[PDB]
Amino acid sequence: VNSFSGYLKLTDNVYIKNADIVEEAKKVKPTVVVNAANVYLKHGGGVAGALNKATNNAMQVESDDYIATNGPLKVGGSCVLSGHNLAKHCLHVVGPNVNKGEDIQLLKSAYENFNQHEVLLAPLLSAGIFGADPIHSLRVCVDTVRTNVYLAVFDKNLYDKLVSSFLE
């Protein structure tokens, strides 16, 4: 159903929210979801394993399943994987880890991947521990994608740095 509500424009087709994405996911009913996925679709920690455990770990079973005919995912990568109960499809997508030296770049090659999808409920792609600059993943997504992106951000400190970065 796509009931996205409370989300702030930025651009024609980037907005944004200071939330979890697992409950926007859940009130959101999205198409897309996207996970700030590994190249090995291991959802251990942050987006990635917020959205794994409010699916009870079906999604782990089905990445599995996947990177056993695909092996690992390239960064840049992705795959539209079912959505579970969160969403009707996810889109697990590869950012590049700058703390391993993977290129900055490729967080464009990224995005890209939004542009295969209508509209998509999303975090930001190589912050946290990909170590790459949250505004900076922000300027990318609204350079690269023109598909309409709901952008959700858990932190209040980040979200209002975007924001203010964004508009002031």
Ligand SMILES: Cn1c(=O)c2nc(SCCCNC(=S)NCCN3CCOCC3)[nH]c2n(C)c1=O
The other form holds:
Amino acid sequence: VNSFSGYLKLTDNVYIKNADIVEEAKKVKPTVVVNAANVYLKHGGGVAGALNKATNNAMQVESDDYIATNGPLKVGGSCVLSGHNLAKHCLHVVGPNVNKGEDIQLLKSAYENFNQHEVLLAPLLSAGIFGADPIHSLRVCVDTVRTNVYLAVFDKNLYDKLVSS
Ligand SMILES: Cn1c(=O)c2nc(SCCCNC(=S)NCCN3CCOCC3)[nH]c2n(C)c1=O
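Please move on to the form deposited with this ligand bound, as the form deposited without this ligand is already shown.
Okay, now the whole complex, with that chain kicking things off.
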């Protein structure tokens, strides 16, 4: 239904809000929610763990079946799976693990996956344990995504830092 409310408009197509992405998805019921995944779709913590828990583990079951059939994703790549109760679809996107030496240029390829969908609810990619500077990830998002993206930033201090700049 895509009834996004309370977002700050950064550009014509990028919007941002201090919010829990699971709570947003339950309110809005978007066509697409983006998961910040790893190449094996092991949804162990962070955004991925929270989305999986909200689907009662069904996201993990579907992901495991995807991996058994297709093998792991490429860094910078993605796949569409069901959004279960949270969204129509879930776009699982793999940003680079910058801390482990994966090329940060792949953050551009990661965000390019968003351009296949007219509107997305999404987190900042690579911006937790993967070690990418969230200011940098937001800039790559703005420079790369041309479709409508609604970004949810969980931590208030970080949101305030991103929107001040
Ligand atoms: C509601 N909401 C948020 O909106 C939110 N945004 C963040 S920061 C960036 C997104 C998450 N980090 C990524 S780099 N993980 C790398 C891949 N992982 C996949 C499985 O685990 C191991 C590795 N954290 C958040 N959390 C916890 C949250 O609940």
